[PDB]
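Protein chains: 2
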Amino acid sequence: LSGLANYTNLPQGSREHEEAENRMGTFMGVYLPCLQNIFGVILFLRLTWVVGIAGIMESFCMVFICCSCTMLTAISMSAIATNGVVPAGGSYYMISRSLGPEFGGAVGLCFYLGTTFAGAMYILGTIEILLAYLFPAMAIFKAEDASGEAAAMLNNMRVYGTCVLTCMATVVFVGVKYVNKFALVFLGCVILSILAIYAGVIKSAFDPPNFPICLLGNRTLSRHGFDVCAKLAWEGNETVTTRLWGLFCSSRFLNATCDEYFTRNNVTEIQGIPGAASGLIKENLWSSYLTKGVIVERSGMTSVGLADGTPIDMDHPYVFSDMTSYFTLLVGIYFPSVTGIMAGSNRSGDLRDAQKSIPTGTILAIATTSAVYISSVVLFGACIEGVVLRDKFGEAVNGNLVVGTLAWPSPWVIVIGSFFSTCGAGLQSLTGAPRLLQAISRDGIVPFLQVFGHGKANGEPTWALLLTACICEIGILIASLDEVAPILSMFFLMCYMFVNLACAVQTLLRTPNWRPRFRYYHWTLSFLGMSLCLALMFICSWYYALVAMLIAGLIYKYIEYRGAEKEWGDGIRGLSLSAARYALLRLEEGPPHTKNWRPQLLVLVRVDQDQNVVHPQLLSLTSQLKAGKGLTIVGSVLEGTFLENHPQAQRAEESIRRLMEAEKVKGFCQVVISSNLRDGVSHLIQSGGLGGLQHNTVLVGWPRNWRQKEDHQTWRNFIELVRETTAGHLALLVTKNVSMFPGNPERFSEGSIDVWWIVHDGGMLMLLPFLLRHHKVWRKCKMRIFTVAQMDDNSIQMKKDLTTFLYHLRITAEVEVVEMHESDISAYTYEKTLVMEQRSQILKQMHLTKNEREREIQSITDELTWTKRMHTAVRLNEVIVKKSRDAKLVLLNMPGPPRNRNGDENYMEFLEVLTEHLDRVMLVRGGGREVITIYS
Amino acid sequence: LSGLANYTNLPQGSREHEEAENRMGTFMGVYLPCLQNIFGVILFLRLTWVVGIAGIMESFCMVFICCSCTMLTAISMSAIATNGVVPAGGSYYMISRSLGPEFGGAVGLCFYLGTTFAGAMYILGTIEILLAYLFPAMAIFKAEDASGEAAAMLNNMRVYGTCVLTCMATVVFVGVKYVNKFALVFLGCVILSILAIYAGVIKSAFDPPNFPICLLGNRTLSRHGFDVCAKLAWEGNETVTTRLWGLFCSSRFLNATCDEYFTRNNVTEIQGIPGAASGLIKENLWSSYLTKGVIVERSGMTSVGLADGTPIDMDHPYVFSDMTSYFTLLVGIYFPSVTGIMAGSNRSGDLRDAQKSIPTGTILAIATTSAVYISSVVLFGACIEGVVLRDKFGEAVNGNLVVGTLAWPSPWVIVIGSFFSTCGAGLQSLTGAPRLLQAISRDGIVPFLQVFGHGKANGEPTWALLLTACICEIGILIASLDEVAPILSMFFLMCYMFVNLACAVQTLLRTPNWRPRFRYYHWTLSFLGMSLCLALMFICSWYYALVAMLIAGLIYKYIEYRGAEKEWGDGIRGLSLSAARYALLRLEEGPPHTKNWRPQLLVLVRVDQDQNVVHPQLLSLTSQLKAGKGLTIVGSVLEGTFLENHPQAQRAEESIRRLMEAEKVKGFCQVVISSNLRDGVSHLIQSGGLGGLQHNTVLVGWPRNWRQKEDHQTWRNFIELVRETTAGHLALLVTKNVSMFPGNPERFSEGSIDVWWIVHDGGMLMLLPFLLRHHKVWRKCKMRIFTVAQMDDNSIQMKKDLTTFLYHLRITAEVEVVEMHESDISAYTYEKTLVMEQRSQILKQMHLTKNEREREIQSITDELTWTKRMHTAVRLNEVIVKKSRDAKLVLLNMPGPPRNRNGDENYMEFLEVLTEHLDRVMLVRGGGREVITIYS
Ligand SMILES: *[C@@H]1O[C@H](CO)[C@@H](O[C@@H]2O[C@H](CO)[C@@H](O)[C@H](O)[C@H]2NC(C)=O)[C@H](O)[C@H]1NC(C)=O
Ligand SMILES: *[C@@H]1O[C@H](CO)[C@@H](O[C@@H]2O[C@H](CO)[C@@H](O)[C@H](O)[C@H]2NC(C)=O)[C@H](O)[C@H]1NC(C)=O
Ligand SMILES: *[C@@H]1O[C@H](CO)[C@@H](O[C@@H]2O[C@H](CO)[C@@H](O)[C@H](O)[C@H]2NC(C)=O)[C@H](O)[C@H]1NC(C)=O
Ligand SMILES: *[C@@H]1O[C@H](CO)[C@@H](O[C@@H]2O[C@H](CO)[C@@H](O)[C@H](O)[C@H]2NC(C)=O)[C@H](O)[C@H]1NC(C)=O
Ligand SMILES: *[C@@H]1O[C@H](CO)[C@@H](O[C@@H]2O[C@H](CO)[C@@H](O)[C@H](O)[C@H]2NC(C)=O)[C@H](O)[C@H]1NC(C)=O
Ligand SMILES: *[C@@H]1O[C@H](CO)[C@@H](O[C@@H]2O[C@H](CO)[C@@H](O)[C@H](O)[C@H]2NC(C)=O)[C@H](O)[C@H]1NC(C)=O
Ligand SMILES: [Cl-]
Ligand SMILES: [Cl-]
Ligand SMILES: [K+]
Ligand SMILES: [K+]
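Line by line, the protein sequences give chains D and R.
Note that the working numbering gives residue 331 to position 331 of the first sequence, counting from 1, and the numbers run on in steps of one.
Heads up, the working numbering is the position in the second sequence plus 1000, with the first residue counted as 1.
Hints listed in this document are in silico derivations from the structure and should not be mistaken for laboratory results.
One or more hints might be untrue.
To be verified - If you anchor each label on the Cβ, the simulated ranges turn out as follows: (1) D:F538 x R:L1154: 27 to 37 Å; (2) D:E852 x R:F1770: 54 to 64 Å; (3) D:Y582 x R:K1882: 46 to 56 Å; (4) R:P1512 x D:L864: 47 to 57 Å; (5) R:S1739 x D:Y582: 31 to 41 Å; (6) D:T524 x R:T1328: 34 to 44 Å; (7) D:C470 x R:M1846: 41 to 51 Å; (8) D:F538 x R:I1474: 21 to 31 Å; (9) D:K664 x R:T1812: 56 to 66 Å; (10) D:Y582 x R:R1869: 48 to 58 Å; (11) D:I374 x R:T1328: 38 to 48 Å; (12) R:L1154 x D:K780: 29 to 39 Å; (13) D:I281 x R:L1247: 51 to 61 Å.
We put the CB at the ideal spot given by N, CA and C, even for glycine.
Here chain D stands alone, though its shape is the one from the complex:
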């Protein structure tokens, strides 16, 4: 078709990434390289053995929790694909560009260790097929002709595993273009072998395949060694013994001295593969765990037993178990039969729509190998009987591969068909592993690896091959599948767990550039799949899971330390520099800030001619209001230029540092040399903070001695600060008589705290006495609430809503409604009428109706010129001082500033007549955009 001349199941790596600085639909580029790294030697060498030991409903469940593991990791990888633009280079560049260089050096290094131990599991599966089924005469170590054949079997896999690994790691050094060419014969040998196996089980429902086994009375024998079973060889006229007699008795002379189990029992011959038609699921759907050295023993037979001490004599031709078996041992052997799901992203800079091919091409290439493994375990447990399943190496059927004796041609279709694919999977993983190590050490995220990025011309790793040919050597010296198999399955389960974790902590915390766009992500499938990866990590080996999880987390913190040492300059200083910046960039997203207002505060203090703070008691009121929580920035302004008044600001800086550590204030300090104090104050209200760590209110003193002279632009700077916060939508706390405010160890014995509503923000006016009584100074004071009502309304019902609001919150205050009818209150009500419904649009976008419009007053209660007739607060101040003149703290809402600046001094002498004969006052001012629904 001339498009299949570019098949290439190999991964891209580093060379196709650097050349993208300056064709493959779904089937040929994603789906087929994924259905070629998934199918492997466990399907042809171990899946019959685990269904004979676990049975169905224990193999059926371990193929259902090992496949539902990798299905949920496949969803999390499809979110990484549909995030950015899918860079060219493979799976290392596609993950570490959407999860950061820390979650990419840890997934990227647990993956190189997984495939370099998979590459030892394929060379181990090569010599198993070459020594047990192809050529069992090349075996160079024959131990003693005794029961000590286990050690010579291991020492034969160590001299041939080394000789194959040397020749395999020198084919991919000179013949890389040839191994790329031969990638289509490997996919054919896999796909032909699976079609052969499903072929013969449809033939078996009509014609069974005729493989016979021989039982010495409920004991399975090894057919290698004798010809005909029969025990007698009747032969016609005279009878002479068989060769089966010659292995159990003293000689072939027919006289005497045979052994005891041989003499009291007969022999039998049954069909080892009794077709799919025989009702063999029933007597094969339960477990049969065995111990090392146990005869396999077909159940349901006669077997007169010796009932003696059983000197079983491990030299007779029996079939013994070679290892003890249980459920959690089988999961670590079966698990590498589902790995290979990062192969759908091998060719990511070759597709035409890589955000559509990588999702559907790996979800379908997983759901179709699940339909093979689930249907193989039912059909193997309905066509073969148990004692032929329960031995590997096929001793009951004369040295034939047990899955091979089910194919439509002779069993050499599967024996050669598995020999080449296990050779072409260890040639693949010995190229894809030293490519990924070369891709890691070019990025420089791990600085000691940096000589494993060197190559020859045209890429093609030269030193990373030498390291991979030594790590794969120590899986050859172990020399056993069922030992190398659960080791690599821990490394693959580790990297599938860090992928699932990183994609779930970023959707919750809302990291900035992360959009999955997939369709079915929902953040919990990546969390539920993480909960299955470490569950399966524990039941393979908890002493393996606990050490592969610790050094993965100990290279995560080596990326962050070395990455911050070059980003900011020094190491341990940079970890906190990087943690603050990343938390700030997370804040700027776009959704609104908060639906429960909390004063952040920005304290404006004044210093004097030798730079000491003028009123230090303003800083102790912040300590009694914040109690260490939130943000607090203190700011002072000097006059002059920076160029010659800067040492006057070095020591004005440290005098607020030394004083906010003595009044126990937790926050930051900013000292600014402006040319005048009018705009230098106005700057700090604008640029206070960094990003989302910005202030919310201003706390400033009162401009006392304003009326005299010689401070003429001090009270004109005050009224311009009231207008700058109404336009900037901040809030305002101004404290009159700052020197009368208590220090930290003074502790008012009793008394009260009065609040006056009038007709404005109560959520801001009930929260401030609430927060004050969490301090040891204001703990013992009561709290009385005075609200001013007009008339023509009711008030009688207004106080009822006030009482249940305190009942629903347990504040234990008391209310009293004072009433005006004439123009006593007009600086509050007259100038604005629409704020009642202007407040409503602030709470309509708030989107809370179910029991959240309760626990929030103001709304539950809502039920003649400044210039020289004007506003008069004498009738208002006379009713305030009649009931609050000795109350330790009064809280008032101050009225809104006038429009035209011709009434800027009629406004200041409204605030003096309002608050006369009152000792400690604190005037508040709203901003409209404050709701408080939960009172801490």
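Following the hints, complete the assembly by docking chain R with the ligands onto the known chain D.
Below, chain R with the ligands without anything else, positioned relative to chain D:
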């Protein structure tokens, strides 16, 4: 003494904390309440049993790793004591005030669960002594008189454990003052019992205590049930059988039909406690692990064995094992014998020097119980033989407590002496546990617990007693020591691990208010002790350690979520708000910032009359310089007041947001409405950032069209910015021809980058071309280095140091030394001469000499008026443009600004003649306080 009338080993709790808002030396207040909660029932009921099974050198090692665990946790608790002022209230307030409310609600809640399961381990030890040694006739359940006595033993501990727990949880509800009075009889019963046991082993070296056991030929018998052993009862004239015969044979008729092991074997009588003098350490220093149901079998005897199938008949009077035993089972039973180290901080608001009593009073009260347990295991394995150690409940010695048969009076000194102390330890822990739950729910850190802080008058918990009397019930229904014992030992190991971890991550990261002042802290002892707590957590039960560690970490994140929901207002927004603030407060400590300078940058951009950025190519030069790393703040200034020009700043804000996301800039934006641009720029240079997240350099354009007119205060604002950064010690990058600078996808094919030194900062001048070539635009350009030398020096050697500097760093540049002799260079050299040695004091406090003064040039190389004779850069510019006129980027150090402002326009036309006929120039300016030793 009338000071011992205030002994009170009970903990303080919540009442003594709220009353400290408004006498006990070391021995009586720390040391003795610590030597009373440590000594317990494992010393009297299980320590003999574990030394008979493990032997010495396996009991010797598990008392050495369980005591060295709690010794290192005792050091970490002595750092918490010598940090603040040691508040009043106990151990909950002392930890959660120096480790935060998150490491205090997790240590504080794993501790309440530990003592409420210790309180079930004492009521279980009460009914064991009352049913096996005191009154073995109160047993209300007698099963079948068969081998099914294990179930009736458990059902007898469930009806008496419930009846004692009801009466114990109603003594501490009405008689709390009496239990406080009786705390001195409990310390006496403990201290008298230990003096009794060490007494009898000195008597045993001269007089053994005479306790006899009887062996049926290598089989230990149960002496309860028969009187004299002897098997015959010769009696004088006629012989009639014993009662030992009557338990093994059919009747007492002397005829026949006895059992087979009884008939072929004799009986024997040996001393069960053969003194300290017998050489019995040898035949007792090795393990003897047994299985459930095994006869104990004293080794080294004759014992003609049956060699048959052994119908052992578990109804004969034998001594059988009741459980199977191994090494990691014994650690979970032995471990609660060292807990009780938080008792030295029970009375913290009662001492006189609490920072000196709590260290020495718990270190010595741990080192002296280690001398008891280490010396008990040697002396128990030299005075008792193995088959009396290897049975609990004392069946071989006729129902006597095995540690009781070693005391100087009759063994009832230990039997009553342990009955009262285990009763006074379950009365203590049933008061200290519902006090700590009441201390937790007053703080409000866990909001659903808040009804367990309610009390009656005078404190004294009323509902927390009801919860503790139901959690302790489910340790009564388990009804077995050796089952409740490893459960509580997991909770105590959990809280000792979070204490050790929190004290090691704060010393490394340098959290602000943390000073240990102790003497021997060194941060690694708290880390090495953490490495032993979770090691011991795994070898008790890994399926218990894995679930007690998960819900401890799942209340840590419940403290942080609910604590940030009230600190900032909304929940998941506040986690990132709190993480940014805490990382910023960590930065302000006092040590200097960095010894490897990295440009942080602060870009000053200009907008126009409809608020679009004037030169957008200044923002792409930051992307090509930072590449996403570090901090970058862009700042623009408008003219006017805030009160009417603020919507002009809303949309000037979003036009830099929409443009710094398109040029791929990562950072923050600040727009400021000043009254003039001179001080509004000067403010941003001062207050740029928050805390330690502040800028380091300024990147600004060039004031083109300065010479004409109508922009007269634009170039006067420029030269004032050069002086404001020299005084403020910042650094400066000014770019000429900003529109000629390349965009992001333009990718220079080849070319060069030239740099000219002259005679100043090269660390800042080699780092900027280094960082530029990490981008795809400047990757392919070369890098030539031109340095200007004077004369009378050498230069010949200067270029040699330049070449090895690039050899030691692999930059692949080339150098060339151009030379001047006359006054060509005088704007650089003439005005300042002392900067060579002024630089030296900057690097003397740097404190780096060992190979760090290499890899840092500038120092390795150091080997006539401005006003209208002046400075002339025509001879300098003619040699620049001869060699660099087509070089894609030139870098120059600009000279220092003049002192007097009369030469402010002779300075600007020095910068125009210096940089004429050059297309892309970038002038740099130092600051003195920049060293770069590692070039990324
Ligand atoms: C049973 O064993 C005896 C050995 O004692 C066999 O006896 C000899 O067998 C050889 C075999 O060729 C003959 O040449 C001898 O003549 C036999 N000698 C005697 C004394 O019998 C005997 O043949 C064996 N039984 C059978 C049936 O072969
Ligand atoms: C071994 O096989 C033989 C078959 O020849 C069994 O012999 C038969 O046993 C049954 C049951 O006792 C008898 O009814 C038949 O008459 C026997 N057949 C002959 C030809 O004699 C023998 O029982 C089997 N052994 C065991 C232990 O089952
Ligand atoms: C194979 O034969 C043995 C006898 O040699 C069977 O074992 C006996 O099994 C029964 C089952 O109830 C027990 O009661 C006997 O005690 C066993 N006897 C001995 C000597 O162990 C065995 O069951 C057979 N195998 C299978 C799979 O059934
Ligand atoms: C051995 O057992 C026999 C029972 O068969 C005993 O014989 C009887 O024992 C009773 C016991 O008092 C006598 O009254 C009978 O007279 C005995 N009868 C006979 C026929 O002996 C016998 O006594 C037992 N052996 C001994 C030594 O007591
Ligand atoms: C049980 O104890 C008796 C002691 O009466 C042992 O009998 C002695 O055995 C030794 C060794 O055979 C002889 O030398 C003595 O003569 C025996 N003593 C008498 C009085 O006959 C008897 O051996 C012991 N049983 C076992 C199994 O050791
Ligand atoms: C108690 O006696 C038994 C015999 O009843 C001893 O067991 C034998 O131990 C030897 C040791 O080498 C073995 O060779 C035998 O096979 C054992 N016999 C049986 C029947 O098990 C046993 O050793 C004695 N106990 C101790 C602690 O020594
Ligand atoms: Cl994979
Ligand atoms: Cl403790
Ligand atoms: K497979
Ligand atoms: K103890």
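Right, here's what the structure says about each hint:
no., hint, verdict
1, D:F538 x R:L1154: 27 to 37 Å, "31 Å, holds"
2, D:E852 x R:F1770: 54 to 64 Å, "56 Å, holds"
3, D:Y582 x R:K1882: 46 to 56 Å, "48 Å, holds"
4, R:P1512 x D:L864: 47 to 57 Å, "55 Å, holds"
5, R:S1739 x D:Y582: 31 to 41 Å, "34 Å, holds"
6, D:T524 x R:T1328: 34 to 44 Å, "37 Å, holds"
7, D:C470 x R:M1846: 41 to 51 Å, "43 Å, holds"
8, D:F538 x R:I1474: 21 to 31 Å, "26 Å, holds"
9, D:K664 x R:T1812: 56 to 66 Å, "57 Å, holds"
10, D:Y582 x R:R1869: 48 to 58 Å, "56 Å, holds"
11, D:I374 x R:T1328: 38 to 48 Å, "39 Å, holds"
12, R:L1154 x D:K780: 29 to 39 Å, "56 Å, violated"
13, D:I281 x R:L1247: 51 to 61 Å, "55 Å, holds"
Checked against the numbered hints listed earlier, the structure breaks hint 12 alone; every other hint is satisfied.
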